[PDB]
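Only one chain is given next, in structure tokens, and it is the form deposited in one PDB entry.
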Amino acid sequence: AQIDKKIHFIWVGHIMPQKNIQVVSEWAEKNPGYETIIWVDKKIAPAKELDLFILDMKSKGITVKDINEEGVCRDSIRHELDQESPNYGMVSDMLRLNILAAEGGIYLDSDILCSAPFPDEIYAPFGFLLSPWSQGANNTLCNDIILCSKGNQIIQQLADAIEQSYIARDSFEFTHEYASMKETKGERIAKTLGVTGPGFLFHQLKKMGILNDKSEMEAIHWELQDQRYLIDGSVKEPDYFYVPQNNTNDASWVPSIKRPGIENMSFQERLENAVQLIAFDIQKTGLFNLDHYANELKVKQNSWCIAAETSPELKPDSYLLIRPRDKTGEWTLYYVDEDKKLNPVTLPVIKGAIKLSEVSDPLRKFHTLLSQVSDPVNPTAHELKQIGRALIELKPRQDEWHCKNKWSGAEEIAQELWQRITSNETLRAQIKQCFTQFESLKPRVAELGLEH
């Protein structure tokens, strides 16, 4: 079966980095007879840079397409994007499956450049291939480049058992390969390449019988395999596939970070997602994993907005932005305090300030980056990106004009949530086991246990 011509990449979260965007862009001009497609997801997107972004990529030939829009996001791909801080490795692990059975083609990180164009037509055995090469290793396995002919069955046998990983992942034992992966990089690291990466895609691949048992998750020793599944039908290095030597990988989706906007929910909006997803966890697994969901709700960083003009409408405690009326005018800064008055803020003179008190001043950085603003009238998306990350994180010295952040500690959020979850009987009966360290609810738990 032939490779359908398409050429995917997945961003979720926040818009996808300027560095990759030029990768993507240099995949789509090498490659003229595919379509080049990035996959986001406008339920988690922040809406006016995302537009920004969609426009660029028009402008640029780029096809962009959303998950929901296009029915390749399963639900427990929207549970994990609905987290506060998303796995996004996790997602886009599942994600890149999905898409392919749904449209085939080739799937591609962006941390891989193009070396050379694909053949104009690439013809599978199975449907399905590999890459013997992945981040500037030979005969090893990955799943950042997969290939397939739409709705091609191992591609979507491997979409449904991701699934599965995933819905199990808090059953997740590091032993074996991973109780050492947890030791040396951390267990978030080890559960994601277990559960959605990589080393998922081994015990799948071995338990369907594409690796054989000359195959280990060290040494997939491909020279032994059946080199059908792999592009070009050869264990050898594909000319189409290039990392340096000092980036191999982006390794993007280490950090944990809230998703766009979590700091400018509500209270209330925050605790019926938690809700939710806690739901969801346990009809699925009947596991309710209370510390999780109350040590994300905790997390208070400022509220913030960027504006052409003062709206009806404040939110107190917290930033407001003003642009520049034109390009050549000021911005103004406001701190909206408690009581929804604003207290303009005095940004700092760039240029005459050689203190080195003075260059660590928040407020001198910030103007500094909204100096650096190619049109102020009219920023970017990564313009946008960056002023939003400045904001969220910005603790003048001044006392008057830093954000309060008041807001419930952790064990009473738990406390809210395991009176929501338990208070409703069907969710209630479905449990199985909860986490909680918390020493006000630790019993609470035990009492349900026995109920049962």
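Positions refer to the first chain, counted from 1. Think of the rigid core as the biggest set of C-alphas that the two forms share within 1.5 Å after superposition. What changes on going to the form deposited in another entry:
- Rigid core superposed between the two forms, residues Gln301, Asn378, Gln276, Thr310 considered: the one with a C-alpha shift of 2 Å or more is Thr310.
- Superposed on the core, the two forms barely differ at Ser234: its CA moves less than 2 Å between the two forms.
- A displacement of 2 angstroms or greater separates the C-alpha positions of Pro344 between the two forms, with the rigid core held in common.
- In this overlay on the rigid core, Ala353 has a C-alpha that sits 2 Å or more away from its partner position between the two forms.
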The other form holds:
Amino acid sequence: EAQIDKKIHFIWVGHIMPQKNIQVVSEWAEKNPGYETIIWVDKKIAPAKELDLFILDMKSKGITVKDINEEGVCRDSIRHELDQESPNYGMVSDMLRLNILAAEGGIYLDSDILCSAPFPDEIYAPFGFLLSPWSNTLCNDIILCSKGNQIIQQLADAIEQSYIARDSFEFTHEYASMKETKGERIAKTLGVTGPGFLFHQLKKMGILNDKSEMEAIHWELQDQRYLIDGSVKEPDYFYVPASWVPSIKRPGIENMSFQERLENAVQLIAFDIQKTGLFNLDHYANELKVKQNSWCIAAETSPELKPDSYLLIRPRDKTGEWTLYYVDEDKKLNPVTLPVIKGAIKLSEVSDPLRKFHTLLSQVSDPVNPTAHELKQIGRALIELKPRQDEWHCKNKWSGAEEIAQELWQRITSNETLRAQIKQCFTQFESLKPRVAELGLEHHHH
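In place of the form deposited in one PDB entry, output the structure of the form deposited in another entry.
Nothing else is written out below except the one chain.
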């Protein structure tokens, strides 16, 4: 019937794609010259300088980089997860892949799948929709599609709804098992947006038959026209010998002000209340209590200077020197970078962060023009840098969780529209349980 559009889609939102993953995508691009390799990104949550460097390098590698916001694929639902301080990138990619495929067609792939064999110049899908029989379980990390395919469009709408209701997801039945073997985050991702969600949809849609179970698909029993290559053989195209499962702060959170973070939380909660009636106060309070080091790497433009931060000045010429400062009250105190070349160190200085930090700086190819990955690594070091010298330690004075919760409560419940839409508030904080009770009584008398 239809043909899979000649596009290969890869998604990496948040920080820059690791170089290992860039190499895999490059191979897919070289081995499949007839196909346009595209890496999808989100400019709203990405480090701008590093992203610009990446887009240029990808242009040199023959890889198209597209933004989800500019192409109209980021539904407000995906934007709600990406604007979270620690986003579940797995749920985001599981949702963006369906919207991207539905708008451009082509093949979605995970950057960990390697190309062993080039794809056919034309791939035909009797239903405009193909999956791989790899994994047993259902693989959602290889998906082929013709632009606008109805199945993909239905999945895209259904995943949105699943996500909206994610807070009512229970680890029951097949998920009860999986909670204990893989973890909570992982198991919930699979039920809400991943293969679990997908299985139920493909069952509901009749694409999978009576016999298939979530952990025993039985592809050999199914309609083979839904499978790449029209059979249950392992396709030649793919090969595989983690990232999204640990919750990491999205970029620059350490460099936002308390008030800006409060403001972001208030917007997200409003979304939650308006879509679900649920006020997950402690989720927000426990994100917002975390304050890692503020930091800036001095670029051509002059730096906005946060009190209590690190400022790193790159060198003028390649054989110039890096300089680091602890900014205290906009006063700049210069931390002594330990010499790493003369060696001649004492055993004390082996564990020293500053020495290890200097070593990292010395390994920059071009100190005047560092790569995105070099910038990324230095950033990462700065976020966690903790000298033995207490005088050069970032202080990171920050409100505790319960105070933050109190502030979020005041702001949300002072809005009469939101206040009246709240059905259920989650908080374990003793000072806030009676305020939640009071609102419950208020609602009870109307």
